[PDB]
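The chain below stands alone, shown as structure tokens; this is the form deposited without the partner chain.
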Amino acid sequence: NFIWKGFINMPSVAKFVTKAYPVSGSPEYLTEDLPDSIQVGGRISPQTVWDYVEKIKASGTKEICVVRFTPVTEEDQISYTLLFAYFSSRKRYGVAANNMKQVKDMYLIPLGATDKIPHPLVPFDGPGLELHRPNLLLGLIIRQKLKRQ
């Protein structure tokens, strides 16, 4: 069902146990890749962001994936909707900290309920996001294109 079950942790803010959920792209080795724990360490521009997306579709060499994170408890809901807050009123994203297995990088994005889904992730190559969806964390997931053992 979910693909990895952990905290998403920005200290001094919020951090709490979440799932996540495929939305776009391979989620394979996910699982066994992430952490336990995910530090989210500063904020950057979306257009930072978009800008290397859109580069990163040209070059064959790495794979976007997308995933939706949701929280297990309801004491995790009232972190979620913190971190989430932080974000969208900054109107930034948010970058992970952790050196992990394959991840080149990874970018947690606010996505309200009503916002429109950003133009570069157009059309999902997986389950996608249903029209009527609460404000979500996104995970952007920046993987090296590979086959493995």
The other form holds:
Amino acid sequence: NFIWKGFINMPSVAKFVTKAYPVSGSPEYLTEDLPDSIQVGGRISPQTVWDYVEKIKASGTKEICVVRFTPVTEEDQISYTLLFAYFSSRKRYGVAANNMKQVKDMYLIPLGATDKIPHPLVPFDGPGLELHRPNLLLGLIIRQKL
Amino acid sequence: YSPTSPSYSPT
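Return the form deposited with the partner chain bound of this protein as a structure block, the form deposited without the partner chain having already been given.
Next comes the full complex, this chain leading.
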């Protein structure tokens, strides 16, 4: 019941295969809107993203989809952990650089295992996130609605 | 009305 399988590729940091699972507002048609390999082209401060997200909500013209990335093999998990640490240690989110036509933005959010879910994504509309979990990379997908 | 994506630092 995964939505998408592909690469996350951040040059000179980590490249690995992951499955994306639904968390909130993430229909399976997202598979059509994600490339084979998500290219991480930048980093951005979380507060800047949350400010943007509340303007996005006010516009009524986008859908905010949250997915959970899972490494597919033990080798993938090693790189997944590198990339989590890259963003976590800098207090940054990743920014995708190669979005398909229907995707306005995609951000990569490191969610610590005991972290509280960043409040703009609450509440989830979908399976949500379990309380007991590893360190996670979430994908915040800003998709064209109308 | 369409908010512009915020700038970010490239890596």
